[PDB]
Amino acid sequence: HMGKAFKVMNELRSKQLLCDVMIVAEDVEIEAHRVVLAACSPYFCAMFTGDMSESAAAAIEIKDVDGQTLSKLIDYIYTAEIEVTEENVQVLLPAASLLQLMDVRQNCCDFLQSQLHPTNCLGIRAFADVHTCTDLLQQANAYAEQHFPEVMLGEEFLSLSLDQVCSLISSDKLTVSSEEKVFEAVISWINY
Amino acid sequence: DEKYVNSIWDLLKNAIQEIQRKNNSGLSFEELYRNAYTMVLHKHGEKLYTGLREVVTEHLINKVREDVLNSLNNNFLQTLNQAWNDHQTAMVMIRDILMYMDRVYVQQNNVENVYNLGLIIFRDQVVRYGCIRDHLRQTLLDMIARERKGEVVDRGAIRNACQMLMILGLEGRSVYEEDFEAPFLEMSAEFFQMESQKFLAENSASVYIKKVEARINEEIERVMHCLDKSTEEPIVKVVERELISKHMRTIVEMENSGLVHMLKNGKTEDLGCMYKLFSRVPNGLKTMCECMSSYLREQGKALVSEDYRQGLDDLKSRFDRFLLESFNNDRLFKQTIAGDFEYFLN
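As you go down the protein sequences, you meet chains A and B in turn. Going by the entry's author numbering, the first sequence runs without a break in its numbering and finishes at 223. Under the entry's author numbering, the residues of the second sequence are numbered 26 to 331, 340 to 379, in order.
Worth double-checking, as some hints may not be accurate.
Claimed, not checked - Here are the simulated EDC-like pairs of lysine to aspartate or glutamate, each with C-alpha atoms no more than 20 Å apart in a straight line: (1) 68(B) <-> 166(A); (2) 68(B) <-> 194(A); (3) 204(A) <-> 176(A); (4) 38(B) <-> 82(A); (5) 367(B) <-> 347(B); (6) 38(B) <-> 71(B); (7) 72(B) <-> 194(A); (8) 235(B) <-> 278(B); (9) 262(B) <-> 246(B); (10) 289(B) <-> 315(B); (11) 254(B) <-> 203(B); (12) 262(B) <-> 206(B); (13) 94(A) <-> 55(B); (14) 326(B) <-> 346(B); (15) 254(B) <-> 196(B); (16) 94(A) <-> 56(B); (17) 326(B) <-> 363(B); (18) 28(B) <-> 117(A); (19) 174(B) <-> 71(B); (20) 103(A) <-> 58(A); (21) 292(B) <-> 278(B); (22) 301(B) <-> 346(B); (23) 28(B) <-> 92(B); (24) 47(B) <-> 82(A); (25) 235(B) <-> 206(B); (26) 68(B) <-> 95(A); (27) 262(B) <-> 243(B).
Said to hold, decoys possible - According to the in silico footprint, chain B covers these stretches of chain A (three or more CB under 8 Å from chain B): (28) 71–79; (29) 162–172; (30) 201–210.
Stated by the list, open to error - According to the in silico footprint, chain A covers these stretches of chain B (three or more CB under 8 Å from chain A): (31) 96–109; (32) 358–365.
Keep in mind the hints are simulated off the structure, nothing from the lab. Every residue gets a Cβ at the ideal spot worked out from N, C-alpha and C, and that includes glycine.
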């Protein structure tokens, strides 16, 4: 019953009927129904039912989300399903987490964990750490076993930024085949 | 960075304090939520939490508590409840703009989520401050006592207060239980004993029992009208304890009133009421059974010494009428009757 209700809601949006709000990102202007957005998301719900100026605004803009992504996610809100790949996944997870669509955040997380490779690591441990997906942190560090690169340990330190200069040897778990990693790195790290 | 999160934070603080002044309309939601979002995204969530706690705490300590402190001697309840309302309304928005931290950050650090934290601050800093606390307890208890003495009281206020305590329990009755329900039960018990002595002194057993039933009903109505539903079971337990259970033998043994007098004159309705009442507490039916047993035994044994079978069959008839109509054909009563007979037929 509700499935078909959404299926026709989609049509009504695309026919631009009963649309009480326009949301704009950068390029795109998306007409939609306030109550559907409010229903599918806590962000939009708190925005439209709130006592804050946005609720009195017929038009509105959200940032830190690219246009195409926003379109894709409103389309998700209406269609209940979504497409996720390696190109979009990392612009998908933070953007969905912003609008408080959690099932999508979970999607992107699962997709990230699925593709884990000896080289992969990297952003997957960083992203999680910044995007506060904890299961992904645990999964990624439990995935750290005897990597021994100069090159992709390069990947390890490179995207973990500054706080990792702490957490590198702050982690007592590290046991290395070649003990050089403390010196050769630093000057090079200082070189760059 | 060092200075980025601070520059965001002063904005967030100004916004929160703004929300606490009820000028919130005109604040951009998207902006505030975004700022909080990025601050959490930078792993500064702890600072955001701490700042939240300090802003809220300062607001409830320096203004609201003082607001309800100056209101002690006029419209105290209305003022406190108004404060509770305003606090709730503010914490709704404060939660909404901090929503990102609320959903994600607070879980893994094991800290109270935004709204419940607000509830904790309001509880500790206002309701539990101890002038407000004592005056609140005394206010509610006094109002209830007055209503018991026949005066009219405002039940809306009481209902709101009890509800507030229930909420401050954080999905529990604990603060409502210890701050209100317990002394309420103590006071109620005292008053009930006080009335029980009066009724037992100047009345018969039947009207006393009727008055105990009526008492129970009034107290239940008080529970659903004012207090929390959960207080229904405890208070009736008190009514039953004070009026019935402490006095059981006194009730049944009343001269020209109680059980033996009802048996002699064959009052079926009164025996029904007594049975129904005493079935509520432990040892009640056993008390009735024991007094009855004694009576039936002394009478039957007095009969065995100096036709015969017609007297006995009529007695049997009588007590079977009792057992059936009054005693609800109870097993215990049957066994005690047959016990009496099997005793004095020998």
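Here is how each hint holds up against the structure:
For a cut-off of 20 Å, the pair hint linking residue 68(B) to residue 166(A) stands: about 17 Å separates their Cα positions. At roughly 10 Å between alpha-carbon atoms, residue 68(B) and residue 194(A) fall within 20 Å of each other, so this suggested pair holds. A distance of roughly 10 Å separates the Cα atoms of residue 204(A) and residue 176(A); the hinted pair therefore holds under the 20 Å criterion. Proposed proximity of residue 38(B) and residue 82(A) is supported: the alpha carbons are some 18 Å apart, at most 20 Å.
Restraint check for residue 367(B) and residue 347(B): the C-alpha separation of about 17 Å stays at or below 20 Å, so the hint holds. Of the pairs offered as hints, the one joining residue 38(B) and residue 71(B) holds, with about 15 Å between alpha carbons and a cut-off of 20 Å not exceeded. Note on residue 72(B) and residue 194(A): the hinted pairing holds, with a Cα-Cα distance of about 17 Å set against a maximum of 20 Å. Restraint check for residue 235(B) and residue 278(B): satisfied, since their Cα atoms lie roughly 17 Å apart, inside the 20 Å limit.
Pair hint residue 262(B) plus residue 246(B) holds up; C-alpha atoms about 15 Å apart against a cutoff of 20 Å. Restraint check: the Cα-Cα separation between residue 289(B) and residue 315(B) comes to about 16 Å, which is no more than 20 Å; the hinted pair holds. With a C-alpha separation of about 16 Å, the suggested pair residue 254(B) and residue 203(B) falls inside the 20 Å cut-off, and the hint holds. For the proposed pair residue 262(B) and residue 206(B), the alpha carbon gap of about 13 Å is at most 20 Å, so the pair holds.
The hinted pair formed by residue 94(A) and residue 55(B) meets the criterion: a straight-line CA distance of about 9 Å does not exceed 20 Å. Of the supplied pair hints, the one linking residue 326(B) and residue 346(B) holds, its CA atoms being roughly 15 Å apart against a limit of 20 Å. Between residue 254(B) and residue 196(B) the alpha-carbon distance is near 15 Å, which keeps this suggested pair within the 20 Å criterion. A C-alpha spacing of about 9 Å is found between residue 94(A) and residue 56(B), which places the hinted pair at or below 20 Å, so the restraint holds.
Distance restraint check for residue 326(B) and residue 363(B): the Cα-Cα separation of roughly 24 Å exceeds the 20 Å cut-off, and the hinted pair is therefore not satisfied. Between residue 28(B) and residue 117(A) the alpha-carbon distance is near 34 Å, which puts this suggested pair outside the 20 Å criterion. Only pairs whose Cα atoms come within 20 Å are accepted, and residue 174(B) paired with residue 71(B) is rejected, the gap being roughly 54 Å. Under the criterion of a C-alpha separation no larger than 20 Å, the hint pairing residue 103(A) with residue 58(A) is consistent with the structure, at around 13 Å.
Annotation: proposed proximity of residue 292(B) to residue 278(B) holds, straight-line Cα distance about 15 Å (limit 20 Å). Taken as a hint, the residue 301(B) and residue 346(B) pair is broken in the structure, with Cα atoms around 28 Å apart against an allowance of 20 Å. Simply put, residue 28(B) and residue 92(B) have alpha-carbon atoms about 36 Å apart, too far for the 20 Å limit, and the pair is violated. A threshold of 20 Å between alpha carbons decides the hint, and for residue 47(B) with residue 82(A) the separation of about 10 Å falls inside it, so the pair holds.
With a C-alpha separation of about 26 Å, the suggested pair residue 235(B) and residue 206(B) falls outside the 20 Å cut-off, and the hint is violated. Taking the CA atoms of residue 68(B) and residue 95(A), the gap is near 18 Å; set against the 20 Å cutoff, the hint holds. The suggested pairing of residue 262(B) with residue 243(B) holds, with an alpha-carbon distance near 14 Å, which does not exceed 20 Å. Figure legend: the region 71–79 of chain A, annotated as covered by chain B; annotation consistent (4 residues with Cβ-Cβ distances under 8 Å, at least 3 required).
Counting residues of the region 162–172 of chain A whose CB lies closer than 8 Å to any CB of chain B gives 3, which reaches the minimum of 3, so the coverage claim holds. Counting residues of the region 201–210 of chain A whose C-beta sits closer than 8 Å to any C-beta of chain B gives 0, which falls short of three, so the coverage hint is violated. Residues of the region 96–109 of chain B with a Cβ under 8 Å from some Cβ of chain A number 0, which does not satisfy the need for three, so the listed coverage is violated. As drawn, the region 358–365 of chain B meets chain A at 0 residues by the rule of a beta-carbon pair under 8 Å; below three, the given contact is violated.
Of the numbered hints listed earlier, those contradicted by the structure are 17, 18, 19, 22, 23, 25, 30, 31 and 32.
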